[PDB]
Amino acid sequence: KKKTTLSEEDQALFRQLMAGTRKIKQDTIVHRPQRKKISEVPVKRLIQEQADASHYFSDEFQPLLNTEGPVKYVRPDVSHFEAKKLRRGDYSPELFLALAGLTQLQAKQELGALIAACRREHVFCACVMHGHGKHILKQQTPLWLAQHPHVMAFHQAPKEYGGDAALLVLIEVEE
Amino acid sequence: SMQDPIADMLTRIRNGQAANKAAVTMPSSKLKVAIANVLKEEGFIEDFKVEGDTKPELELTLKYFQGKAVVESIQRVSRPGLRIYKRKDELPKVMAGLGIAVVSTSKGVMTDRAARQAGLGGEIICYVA
Amino acid sequence: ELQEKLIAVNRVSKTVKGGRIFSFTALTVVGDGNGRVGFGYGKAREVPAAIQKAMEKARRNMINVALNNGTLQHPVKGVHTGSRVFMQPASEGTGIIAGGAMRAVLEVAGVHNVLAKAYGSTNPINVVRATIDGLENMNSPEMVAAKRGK
Amino acid sequence: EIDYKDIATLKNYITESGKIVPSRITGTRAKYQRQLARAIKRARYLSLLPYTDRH
Amino acid sequence: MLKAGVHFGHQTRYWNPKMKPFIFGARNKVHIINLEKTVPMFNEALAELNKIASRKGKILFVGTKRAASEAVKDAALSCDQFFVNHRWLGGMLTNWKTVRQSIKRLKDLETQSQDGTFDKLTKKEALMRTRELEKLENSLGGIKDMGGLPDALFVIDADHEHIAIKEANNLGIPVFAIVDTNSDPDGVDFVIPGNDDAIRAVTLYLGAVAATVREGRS
Amino acid sequence: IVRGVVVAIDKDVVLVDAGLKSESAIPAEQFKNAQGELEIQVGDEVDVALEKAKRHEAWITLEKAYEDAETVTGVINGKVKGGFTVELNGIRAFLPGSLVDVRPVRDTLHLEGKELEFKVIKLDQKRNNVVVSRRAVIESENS
RNA sequence: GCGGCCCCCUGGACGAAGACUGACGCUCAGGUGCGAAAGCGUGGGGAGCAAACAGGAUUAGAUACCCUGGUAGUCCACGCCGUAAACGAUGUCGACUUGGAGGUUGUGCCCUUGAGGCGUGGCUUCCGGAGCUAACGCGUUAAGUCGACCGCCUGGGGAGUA
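Chains as they are written, first to last, in this note's numbering: chain Z, 589 to 763; chain G, 26 to 154; chain Y, 64 to 213; chain U, -16 to 38; chain S, 112 to 329; chain E, 1051 to 1193.
Check before you lean on any hint, since a few could be wrong.
[To be verified] Output of the computed footprint for chain Z on chain S, the stretches with three or more beta carbons under 8 Å from beta carbons of chain Z:
| # | segment |
| --- | --- |
| 1 | 124 to 138 |
| 2 | 202 to 213 |
| 3 | 234 to 243 |
It is worth saying that the hints were derived from the structure and are not from the lab.
Heads up, the beta-carbon is just placed ideally off N, CA and C, and yes, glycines get one too.
Construct the entire structure; sequences and hints are all you get.
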């Protein structure tokens, strides 16, 4: 249905106000762009989000993590009680990421993808499984995670979600 | 001088699809209306309309599916320099059947599917792909 | 399920002030095995950095192909720069029988049994670019029937 | 312009040393620059105008 | 919602044939946009733009020419939204990565500026650092609190800000442009045939857009 | 002639609204008085007829000069029947052929294409014109 | 290829309205014609310029560049030659395909209220879009999209030679 608009007579009046003969009538073929899908989320946008998120994961920069006890981190400005809640298992992860067996480079990309996905889908808590390694994903991944601005807090996952081989991660989401 | 008005018609349609032209006019003849009726029937043009009395003018309203154009590649096969007359067994299929080839058979101007079904070959005018 | 493979590595040169400087270019193609083909160029000072930039560019910039059962649909000709390329669906015409640098893109593309014959130039950087252009403008019977009504 | 006997008009369209002035200076659409010059030359033959200023 | 009052089109010079569907085009060598075509176009832009504004999205007004400033700062900042009003840096969307660390330096230097150690250790270097806050503040002004790359883009001139349109088309961001008769509908998803360089027209125009961004059901 | 309102005033630049595709910009030289100041403010409806245009409203500063016979410079460009139109500061002047053409002794072609200096005695602001004197011929002819 | 002005004889093009013939058209191997300059033949002419040539310099040398002279030639009539980077290095004819700024030559309409406004043809210049192109660039005067007919190409040299 036609949208509400000024009357055709009113448009003619506007045409009348137009100084001079004041009418343009060039006729040309018209092309209209297809309407964007409501779902959207094109693979290219997803790839871009992933790349943006993984950009923060530097191998040269090592955040100071607590050396005593289970691995944990809380971003400055976030309530310290959040890490405690992660430890107690108050948070139930909605997304699970398995990194075991990936190269560092692959893992960074997947982590980025995970964070992007959490943001997109408004998922606040995710589980990251890195397995057990020395100077491997098990050690490097927490450092990378800390460097990410959207990561609020993480803690060694409870036994139900993989224990010492996994992390629960809290992700900052716009709601 | 104009020596192949059919290839001129197909040129009008290639360059109209290539310029996002809404419709294409040309001088009209019996063979061009026969071909145009085959093209409308097979879904490559939207409509045709022959006007005029003493100088007829065929007008093809063209099709565009998405932003892309429907007539992907129209070629003239049996040009005046060298005419191509195929039998019912030699009668080709274009894009492995996804694209008709307008053959002038004795029964009339048909497609390749329609004339291979009718059991008679003829003069193959154009590939529409 | 990524299925990456490299086609060509070369040593190019630059010719600065003091002597020459030698760089290496990779050219790889990735693809999942069911449409989804990409190629990437990538150039760097050593060979593994070159292939890594090539893979990383090829994982993005990946194009859909409308395959048939395991193969192409209609015969398609793709051209790029000087490199003209024919392909024919070969409805279970067994085995991928294509030229070098076309066997690879058709292999990771997910097609299995087509007939090819590259013509013209057969520089590997332009014979893909003439296979994707080619597989890109090959359309399916549910796309042609979508266009022309039925 | 069309006429050559009007040497007042022609004498406007000529420099102080007898030379025809370009249409780049005086305006004069090219058709009338051509008629002009040809009329100046017919006038210089009749000694209505000078060829130069050192006769 | 109100009928476009006072702009009626412009740009005698460098007009673009792709603007031929939108031109009435009569008076004194200058082209008049058919505003009877603009009103449905602009109502559509308000429709989809309100649709993404209600999904809690980020809009990024783009206002480099004058006087689109501070009208884009006033209109974006009247909403809880973002803007670019000075020179749009080549690649603040397509490498937002590197622009993220420049925004990070703007935050760290304003936190260092009005609260922390600003008078500390030098006068000259302190002056140097403050004018780094003027340069990073006027270039990365509105976008400094975004934290993502935005869900739409609203540019105020399509040919003057072709870079931003080219990047938002590169990234799959809906571009909402007020084109003029010299501009080109490149990849502008929601074209609006209007007037790019009249302050009455862009304040009316951004007034409507900023009205529908924050429009509240309440 | 255009009637506009002043909205933006940034030193050395004045912005006036007219109603076209762009708002004109007028240099303070037109709004400045003989004392060395301005005579307008934001919200004032002034006149502006469009620096090859600001002269139309800049000739008002040449009145205190023509009050004591101010010597200027000009050049003939138009000619009709006994009447000569000279471009003096952009104002058409009037010169009858009372002395311009009379008793031809030789080739009198030193008129069309002459660039000398003329003198003015009386000015007419009611007919937007400036008639040249007659006795000043003793200066323009052979200075 | 054609440059003072005038006369005589003469070819073509373009525009405006109308009338007439009625496909009479397009291309073209062999064939025929025209074809810069230099050159050749016969007869004139010969101011300037100038191959050859001579002298002076320069130079290691200088059969050159530079200087001073200077003959054929350049000019006319008639005949020959038959070629050029004879080049938009782009055969001819026709059709279609976004634009901008000019130039030149017609014609129609509107207050011609001026050195205007709106169109509609012919030829031409510059820049550019899609498209094409190895690239460079071409780009409604195509190197784009087609059709008709002709000419020519097939590694460099030897050789366009015997």
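- Item | 8 Å C-beta test of the segment 202 to 213 of chain S against chain Z, three or more residues | holds (count 3)
- Task: Please count how many residues of the segment 124 to 138 of chain S have a CB within 8 Å of a CB from chain Z and say whether that reaches 3.
- Result: holds (count 8)
- Tell me if chain Z covers the segment 234 to 243 of chain S under the three-residue, 8 Å CB rule, please? It is violated, with 0 qualifying residues against the three required.
In this structure, the one hint that does not hold is number 3.
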